Structures are given as C-alpha cells and as structure tokens.
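Colleague: Next come the chains, spelled out residue by residue.
There are 4 protein chains.
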Amino acid sequence: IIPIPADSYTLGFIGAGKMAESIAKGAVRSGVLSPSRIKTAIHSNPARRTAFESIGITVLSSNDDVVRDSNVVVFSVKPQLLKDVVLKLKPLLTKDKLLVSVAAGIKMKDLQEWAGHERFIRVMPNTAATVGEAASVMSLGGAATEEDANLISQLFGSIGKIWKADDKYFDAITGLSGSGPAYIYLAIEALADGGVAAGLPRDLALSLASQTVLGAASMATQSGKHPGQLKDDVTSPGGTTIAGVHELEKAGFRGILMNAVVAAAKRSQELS
Amino acid sequence: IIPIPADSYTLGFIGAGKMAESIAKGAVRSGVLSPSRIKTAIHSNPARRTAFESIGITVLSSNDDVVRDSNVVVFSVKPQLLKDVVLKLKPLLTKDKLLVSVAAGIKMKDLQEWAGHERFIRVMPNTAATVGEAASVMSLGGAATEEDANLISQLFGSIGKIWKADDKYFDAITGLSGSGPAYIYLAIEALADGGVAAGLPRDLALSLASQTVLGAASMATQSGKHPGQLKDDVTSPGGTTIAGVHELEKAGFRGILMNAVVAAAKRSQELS
Amino acid sequence: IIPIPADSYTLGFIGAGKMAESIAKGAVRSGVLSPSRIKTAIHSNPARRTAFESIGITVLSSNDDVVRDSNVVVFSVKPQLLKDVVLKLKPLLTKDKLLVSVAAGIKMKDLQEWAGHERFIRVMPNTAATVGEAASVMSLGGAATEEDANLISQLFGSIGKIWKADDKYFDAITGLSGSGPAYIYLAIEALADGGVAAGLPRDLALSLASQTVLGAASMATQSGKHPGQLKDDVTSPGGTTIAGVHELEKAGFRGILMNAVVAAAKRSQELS
Amino acid sequence: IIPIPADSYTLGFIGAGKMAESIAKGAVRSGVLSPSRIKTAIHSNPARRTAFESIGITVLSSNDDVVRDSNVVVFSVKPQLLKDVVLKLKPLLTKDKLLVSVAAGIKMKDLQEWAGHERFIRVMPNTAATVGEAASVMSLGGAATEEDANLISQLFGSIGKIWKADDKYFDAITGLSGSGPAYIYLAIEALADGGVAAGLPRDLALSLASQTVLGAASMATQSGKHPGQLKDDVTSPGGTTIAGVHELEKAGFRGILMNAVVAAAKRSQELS
Ligand SMILES: NC(=O)c1ccc[n+]([C@@H]2O[C@H](COP(=O)([O-])OP(=O)(O)OC[C@H]3O[C@@H](n4cnc5c(N)ncnc54)[C@H](O)[C@@H]3O)[C@@H](O)[C@H]2O)c1
Ligand SMILES: NC(=O)c1ccc[n+]([C@@H]2O[C@H](COP(=O)([O-])OP(=O)(O)OC[C@H]3O[C@@H](n4cnc5c(N)ncnc54)[C@H](O)[C@@H]3O)[C@@H](O)[C@H]2O)c1
Ligand SMILES: NC(=O)c1ccc[n+]([C@@H]2O[C@H](COP(=O)([O-])OP(=O)(O)OC[C@H]3O[C@@H](n4cnc5c(N)ncnc54)[C@H](O)[C@@H]3O)[C@@H](O)[C@H]2O)c1
Ligand SMILES: NC(=O)c1ccc[n+]([C@@H]2O[C@H](COP(=O)([O-])OP(=O)(O)OC[C@H]3O[C@@H](n4cnc5c(N)ncnc54)[C@H](O)[C@@H]3O)[C@@H](O)[C@H]2O)c1
Ligand SMILES: [Cl-]
Ligand SMILES: [Cl-]
Ligand SMILES: [Cl-]
Ligand SMILES: [Cl-]
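Residue numbers (full-length UniProt numbering), protein chains in the order written: chain A, 3 to 274; chain B, 3 to 274; chain C, 3 to 274; chain D, 3 to 274.
Derived from the structure by calculation, the hints contain no laboratory data.
Worth double-checking, as some hints may not be accurate.
Identical chains blur together in the list; that is why a pair holds if it fits in one copy or across any two.
[As the list claims (entries may be wrong)] Taking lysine-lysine and the DSS-like style, the derived pairs with C-alpha atoms no more than 25 Å apart in a straight line are:
1. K163 - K227
2. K227 - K27
3. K166 - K80
4. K227 - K80
5. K109 - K90
With the rest of the complex left out, here is chain A:
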C-alpha cells in the first residue's frame, strides 16, 4: 500500500459510460486532473470513443492496459457486469492501485472479495453528476487509507458534494439521493401543470417550476437553517403560501415522500 501521488496520479475508467464521462469532465474542469492523466478503453459502442477523445483523453484498446497505466481505477460498468470484469482483471489489481466502484447496489464486501484485496472505495453518485451537482457518498474498504479517501473526496468533489458513510447505509442512500431525482422530476412537472391549471403559459410555468425548486434547494443548502424555519420564513399570515402548504398537509404530502424513500430503500435491499 504505497501512497498515491496526490498531484500526479493517473486515473483509469473501466467502462466508458455516462458516469465515467461526467467524472472525467468534472475532474478536468476543476483542474484536479488533466486529460493526459486519464485513460479509458472502449467496448461495443464506438460512439463513446469520440466522447473521451474530444476531451483530450486517450482511449486504449484494452481494459488490461488501462489498469497497467493507472494508479486509481474506477469501475463504471453496469452492476450486473462488474463481478466478471473485476475477476478478469484480477492479476493486474495489485495493492499499489486504489480501486473505486461507482456501481449501484454492489457492496464493499463483494468488491473486496472479487478483487482479492481491501484497498477499495465504493461511491454512490447520482444523475446530477452531469451538471456538477451530484449528491455522492463514499464508503471505505478495510485497507483504503485516509489519503486514499482524500483523493476520492477531491475527485468526486469535482462533480458535486461528497460525504462519507458506512456501507450498511447504502440501501437507504440509494433510495434517497440515488432515486430521489426522479421524485423531483415528477414534482417539477406537477408544479408546472399546476401553474398551467392556474392559467399560466406552459413555457413560463415550466421555467418557473424548475427555478423555484433550484432556488429553494439553494436556500436550504446555504442558509444554515432547518427546513421548518425556512418554511416559517415564507408563510405570511393568512397568505398564499400557507394556503398552498395547507393543501399539501391535508393530503399527507410529507408522508408520501417518506413512503417513496422507504420503498426505494426496501427495493434496494431486495435487489442485493
């Protein structure tokens, strides 16, 4: 377990997919990595080659070469393909290379078994990586060092926010930050529909819906306030806001969102 050179390490992606692309772009954009320090290899899809090459990244001809040339290897294939991919690469997965998985639903215990060592970090990002606003969580394998963690924190800091948590929380994380964006997509559409139902033009209703949600979440992120206090701040006496909030409460809105997180988390567990 030699420390990974924090300022000069090379990064490899196994699986040149959307998430790999988002991470690469973020890391380049933030200056955490240069394109020359990133490698990947292309599978069945040739559309992908151009996506990486156009960022200045070298696309190699095999996964094996990506691993050989990389200090840090990110596995970003679909979860059901990961075990076979790791097993095939295993002879190259020496302990001087930090391994990372972004695969949804694959536990650290399994990752470590497959690779044959514990210098492994699991991350669960989410779809907003594409715009640099991912909610990501990492868990550390048994031999991942504090410096390894910092390196991954910096890397995933370049596509959003990143927190640390024990692996046993990941089903619930998956139901909240992994699946949650869809809940909000429904909400944005419904808010827009609501605006139209109240007489707004569609384009304006949808623009307002998206920015309202963006603004409110920015307030929650930056204000240092409890969401209840934020709600209190905007509910003027007898006003329009409390009229709307009351309709939400009549319908058990909060409990419906709780139900969605719980059901998604339970599904995550069932798929394990």
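On the provided structure of chain A, position chains B, C and D with the ligands as indicated by the hints.
Modeller: Chains B, C and D with the ligands only, in chain A's frame:
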C-alpha cells in the same frame, strides 16, 4: 423621452427590507450598480441602517429625498402599506423617474392609479433572491419603455432569473414561484425524514435531501429535456427509482402539488 | 440448420384458431405469403375448415402432414394443450424446420425441451392482430438464426408491429401489451359515458371516444415525442384540457394504470 | 345564397397555423383539391411562409386578398384573436362566401354576429389532425346549406373523421374529443411506467404502450362491437387481463375518466 442612463442611473429603495437588501447586494456584486449609486431611507429600524451602510450604501433621512435623488425607485414596503406610501410621495413621482414595485399581490392598474402615471414596472421575485437564485417575473405599465424593461431585466438578472409576463398571470405566478419554495422546504424535510425512517443518520439525510433536490432542479434547468424524459432517464427497469416513483403515483403526488399551486393562486386572487 | 428460403418457404399452423387465422390473413394481405404456401389441419372442429378454405388455404387431415409440408411451423393451440401436441410431433420436428410458438405464458426453455432442439422462436402477439395492429414481441431460442428472426419479423410485421426481447420480460409484456387492450376498452366506454354525462348523444360520444383514443395513440406512435411533451402541447393555459388532466391527477390516474400492469404481470408469473 | 361550386371552389386560410397546414396538406394529399386552389397570408412569422410554399400553395400579403380570392374561408387564428380578425374583414365577407371557424370555444352565435351573416360552419377538430386521425365535429349556422356541409365534410374527412352536431353539444365535445388526447397521453405514459415497474426496458415499454392503445382503439373503431363485448373477448377466466381490469375497477378508473370529461366540459362552458 428621458431614457434612464443605462450605465450611470441612480437607484432608490423605498422600504429598506430584506428584498431591497438582496437586490442591492446582487446589483453591486454583478457590477450593474456601485453602492454610491444606491440610496434608501429607514423608517424606524436601526438594524436596517447598518445592513445598508455596511455595503457602502448611503441611508437618507426621508423617503422624499430617496425619490428626489433617484432615477429608478423601487417600492419594497409591505403590500398593505404601499398605497399610502405612494400617495404621500406622489408630487415627487415625476414621469422622468422609472417606478418599480416588488409588492406581492398589488396589480399594475392600482400602481399606476396611485402614482398618477404609467411609467411603472411590477416584479414578483421570490425568497431565493437571498442566494442569487430568484425566480422573478416582470409586467410593464402602459408607459414603461423597452429600455426601462431592459434596465429592470439587468437588475433582477443579478439576483436570479427574470421573465416577462402579462399582469393578469401574476396570481398564478404568486402561487407557483412565490409560494413554491415552501412546498419544496416541506419536500426536503420529508425526504430527510424518509431517509431517517430508512435508517440514515439525520445530518447525512438532510444533506442528501437538499443536494438531491438542487441537483435534480439543475438537470431540469440545464438539460433542455422535458421532466418526463429526465424521469425516464433515471428509472431503470424494475429498479429502486421506479419503485419509489410508483409509490408517489399510487398516492396522487402530482395532483397534490397541482392542488397546492391552484389553492395558492386562488388565495392570491382573493386577497387582491 | 439450413436457412429457410426467404421468398418461397411454406408455413404451417398447428391449431387452426383465431390467431392462426389472423396471421394467415395478414401474411396473405401483405403479400408476404400466398394462400398456396400456407397449410393447417383441424383436429375436432370442422367449422374451422371453411374459415381457412375460404381464404384459399388448404386444410389437411393431420398435424403430422402440416409439419411435413412446412418449412416454418407455428404452434397456435391453447397453451395447456401445447406440450402434448409438440411431444406427439417430435419425430417430425427436424432442425431444418423453424418452430414458432404464439402460446401465452409458455417459456422458451420449455418449448426447446419439448421439441428437443433450439431452433425455436416465441412470439407474444395481442388481440389487435385482427385489425393488423398487434403489438407483438419475439424471443429467440438458442439456435434461431438472425435470418430466422428476420423471417418472423416480416411475418408478424404483417399483423402489426413486432419488437425483440429477452424471454425473461414476457410476464411483464403479457401484463402490458397482452392485457392492455382491456384497460383501453374500459377507458373508451368511460369516456363515452363521460360524454353522455356531459350531455352528448350516445352514438356520437362513443364515436368520439374511440377516435380520440386512436388519434392520440397515432400521435404518440408517429410524432417522435415523449408523452409528456404531447400532453404539454395540448394543455392551453387555464383551458379545458388542463382542467380534465387535473381531475385525473387528483385521483391518481397514472398510478391506477401502473397498478393494473403490475397486477397483470404478477398474475402472469403466478400462472407460470 | 349561391351554391359554392363543388369541384372548383377556392379555399383560403386566415391564420397560417398548424391546423391550417394540416388541413391544407390533407386536402391536397386526398386529392380534394390542388395547391393552386388554396391561398393563405402570413402574419408575425415568416417561418410559416415556407411551410405553405413548399406544398405549392401561394402565400399572399394580406388577409383581405385571401378573402377576395376565396369562395370558402377557414378561420384558423387563436380564439382570442378571431373577433378582431373577422370584424376587420367584414366588408369582404359577402354572402356568396362560405365561412368556417376551427376556433376552440367560439360559438356559432358569435361567429354569425361578427361576420354579420349566417353562412358559417363551425368545426371542432383535435390535435390528431397532424397524423390524419382527427376526431372532428361540425355545426351549421342558420344559412349554411346541405351542400355547404358536404363540402366541409369532404374537406375535414381528409384529416380524420367528421361528424355533425348541434352547437349546444360543443362544450361537451370539447371536453371529450378536444381535450381527450391529453388523458390518453397520460395513460400511455402511465402504462409505460407500469411496464418499467414490472421490469421492462423503457424503450420497449413505451413502444408497447403506444401500440397497445392504438390497436385497442382500432378494434373499437372497426369491430362493430360494444366496448364491453371487446373487454369480454379478452378477459379469459382467471387470467392476467381480468386481474388488471379488477385493479382498475377497485380504483374507480371509469369514474375518473368520466370526471375528467365532465370537468373539461364544465370548464369549456365557463370560458364561453
Ligand atoms: N448514470 C448515473 O446517473 C449513475 C448514478 C449512480 C451510479 N451509476 C453507476 O455507474 C455505472 C455506469 O452507469 P452509466 O449510466 O455510466 O452506464 P453506461 O451504460 O453509460 O456505461 C456503461 C459502459 O460500460 C461499457 N462496458 C460494458 N461491458 C464492459 C466491459 N466488459 N469492459 C469495459 N467496458 C464495458 C458499456 O459499453 C458502456 O459504455 C453503473 O454501475 C451505475 O449503477 C450511474
Ligand atoms: N422577501 C421576499 O422574499 C419577497 C418575495 C416576493 C415579494 N416580496 C415583496 O417585497 C416587499 C418587502 O418584502 P420584505 O420581506 O422586504 O419586507 P421587510 O418587512 O423585510 O422590509 C420592509 C421595510 O419597509 C419598512 N417600512 C415600513 N413602513 C415604511 C414607510 N412608510 N416608508 C419606508 N419604509 C417603511 C419596514 O421598516 C421594513 O424595513 C413586500 O411587498 C413583499 O411582498 C418579498
Ligand atoms: N387470440 C388472441 O388474440 C391471442 C393473443 C395472444 C396469444 N394468443 C395465443 O394464440 C393461441 C391460440 O389462441 P386462439 O385464440 O387462436 O385459440 P382458438 O381456440 O381460436 O384455436 C385453437 C385451435 O386449436 C384447435 N386444437 C385443439 N387441440 C388441438 C390439437 N391437438 N391439434 C390441432 N389443433 C388443436 C382447437 O380446435 C382450436 O380450433 C393460444 O395459445 C393463445 O394464447 C392468442
Ligand atoms: N392545433 C390544434 O390541434 C387545434 C385543435 C382544435 C382547434 N384548434 C384551433 O385552431 C386554431 C389555430 O390553432 P393553431 O394551433 O393552428 O394556432 P397556431 O398559433 O399554430 O396558428 C395561428 C396563426 O395565426 C397567425 N396569426 C396571428 N394573428 C393573425 C392575424 N391577425 N391574421 C392572420 N393570421 C394571424 C399566427 O401568426 C399563427 O401563424 C385555434 O383557433 C385553435 O383553437 C387547433
Ligand atoms: Cl405568503
Ligand atoms: Cl433505478
Ligand atoms: Cl386546452
Ligand atoms: Cl387473459
């Protein structure tokens, strides 16, 4: 005649409130205005005076003086106080000065009647002005010019996004972008409570909830995609996301949000 | 595994039922097959004799002879009868003949085991085959070739649309395209009942209901748009459409249809 | 009242919109008339010019000229613009010219008052005009003749189906065939979501959903059967279909669609 000099105009706030402060800070930060080009007056509050003075803004002793010294006058008092305030200032409200109201629920027909002329713009911003992420909409009085509009765009573009709409849409705008942030504060708290119900630590649950909402709304704002399509992009077959979405649909989640916007809009009309 | 001659192959139906009749009529109508290239046999209903004979198709006296004279054999008996039928014919089911099942709920693993070889394609069509608007899906056995697939694509393309999917999706397919037509028959009656409730004559209400459904689905099939975008296109501000849509959303309409598909898919699995 | 020559009349569109374009294309496609017998004029956008010119239709410079050159004039501007457009053209609206409105929500009494005569036909088409599957209904003004009606039937027969009804039914028509497509778009999306919830790939689920609806509506339109008979035909005993239909019936699916039509029809009346 008498276009307002786009690069040198002076701006006055009548009502040195939170919203006035947010607009002033934004305009300064963006370089649209310098502090020396902004004036306000404080009705009673010492705390308010230090808030403006600490960003370099001169606090005068009367509303009358703010009006005299300003090319553009923003009325940012509470709506129930606005009529008397405008009536008292009326002799000073000459047609060479562009007037702006941010007052919730006050229609353009009334603003113009109170002032005695039609060189008036109404804006409805929202609470996210504080973090530069307002959703704002403007409507033009009968003598507001295109250059007047541009000036107001630039100004409210400094604190979020700004759109234009007919005054008749404003009750619905109020129920959507004005009131919507509370609906999202509920959502954020509920999502966090869900995460805790699913076994997450509270701090992590809340951090994830807020950033999940922020990221999803950023995807909606940047992607160019319909929210349906964004939901399609994240609902993998038989996966955790579609499980959660299905719970939301069982409960009529979308309709509840529609209800809230509709109720808030109807409250707006009733108050008007 | 000799290629089936694409332009001259003969087709045999085992089970001279309604589905067989719809496939035969389609294939003849489209010019994919001529009647002289199609054979079937009755076992114990001679009324079926006249239905094939009247479209110019020869009706043989035994299933055995249909098989001998055919390059492609379609099994269109009731599912609970299929195994014994295939077992009886087995000595004649040589690998030069492509086998096809349209039997609901019978998996490829079983088809192949019964026949003793893997040159087998499963199709799940639906009721709209009768009017050349089936939604069909095919899965390929282990020895079905790409050319076999193309042949079956062209055949079932004559009674509607035909997609390819893995056999493991067929319970869900059965709940959606197999059972879905009933959901829409309910919808059509309900829309007609709604029109009558709103004061329309029954004959007009039913005509409008059916054609409204037809037109909307044709839009969805041709437009290249997401259904949400299509909904957005027709929901004018504060207008009649959004008022109707809002009543759907209040009631959880979407979730009810999701429930139906999920229940039907589960039932399919249980009947497995 | 001079008959409009049936085989040589010229047709003018006032408002070179989407619906005008659909009608023009349909009529040219079906051979009802040649492009040389059609005229329109262009307003705010010159993008429209090319849409008409590219099908061989002459685009004139004024509404006035379109009217002068046309025996049959179709008004296809947005409803809120129609009154002023008709009043401006009124001196040219001589009784030898058959007038037609496709405007949503504009009653025959008003049309006739604006034009100053009763040789007017109202049509309510729907969004599926774009694919030639409109559900349309016409009503006759007090001086519209049987031959005028036949001419308009033939014309609107080119973009779908066309029925006749008294003007007093048009609110309800609007809530059913006018607004109904959105109810079906919801249904298509929800069906697809259901498929996905049951484990289907999204692309397949959406393809199946759309074609399932199309095919069921085609069965309703062509079979001659009551929808209840059609539902009986596919609900095999104890099978997947009846399981899904039972879930719909548990939830009051039929009533929800009735509610949508009734609400949309009431809204139509309220707007009128
Ligand atoms: N996309 C997201 O928003 C998101 C969020 C959280 C987690 N994840 C995880 O990220 C991973 C990928 O997600 P995606 O959306 O990037 O998938 P994707 O399908 O875009 O990329 C997958 C890539 O892997 C390639 N591949 C397949 N087999 C391979 C092999 N044997 N060797 C090398 N490459 C191979 C595929 O060709 C494809 O390019 C998954 O594990 C998913 O759970 C994604
Ligand atoms: N704050 C928001 O998020 C938000 C959003 C949309 C619209 N608005 C509109 O902004 C306006 C102000 O909102 P706020 O939240 O800034 O109010 P605020 O109460 O923080 O500040 C209002 C100021 O007006 C001062 N005032 C009272 N009487 C006065 C007078 N006669 N002359 C001069 N000043 C006087 C008060 O002392 C106070 O400082 C309201 O009309 C509100 O509807 C605010
Ligand atoms: N009908 C549809 O719309 C539809 C839709 C999807 C799938 N399918 C599948 O199509 C198949 C046939 O459906 P149908 O509706 O045509 O049935 P059907 O009953 O009309 O025809 C079945 C025929 O098989 C004959 N038969 C019974 N035992 C036989 C044997 N041993 N040898 C030869 N013929 C025999 C019967 O006399 C009957 O004529 C079924 O497996 C069904 O699941 C039908
Ligand atoms: N589009 C549909 O599916 C549908 C369905 C039912 C009824 N309708 C009715 O059809 C009519 C048009 O619908 P659309 O969707 O075609 O509208 P659209 O906006 O595409 O076309 C309207 C056209 O009118 C033009 N216009 C504006 N002012 C004008 C003027 N003074 N003189 C001439 N042209 C002018 C606009 O530039 C635009 O090109 C509306 O009345 C609508 O209710 C449409
Ligand atoms: Cl409020
Ligand atoms: Cl998922
Ligand atoms: Cl509408
Ligand atoms: Cl069934």
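Colleague: Hints first: check each against the structure and report whether it holds.
Modeller: Here is what the structure says about each hint:
For the homomeric pair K163 and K227, the shortest alpha-carbon distances inside one copy (18 Å) and between copies (23 Å) are both at most 25 Å. Taking CA atoms no more than 25 Å apart as the test, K227 paired with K27 passes between copies only; the shortest distance there is 21 Å, against 33 Å inside one copy. Taking the closest pair of Cα atoms, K166 and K80 come within 25 Å of each other both inside a single copy (23 Å) and across two copies (21 Å). Within a single copy, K227 and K80 get their C-alpha atoms only as close as 38 Å, which misses the 25 Å cut-off; across copies the closest is 24 Å, which meets it.
Taking the shortest alpha-carbon separations for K109 and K90, only the intra-copy value of 19 Å comes in at or below 25 Å, while the best inter-copy value is 32 Å.
Checked against the numbered hints given earlier, the structure satisfies every one of them.
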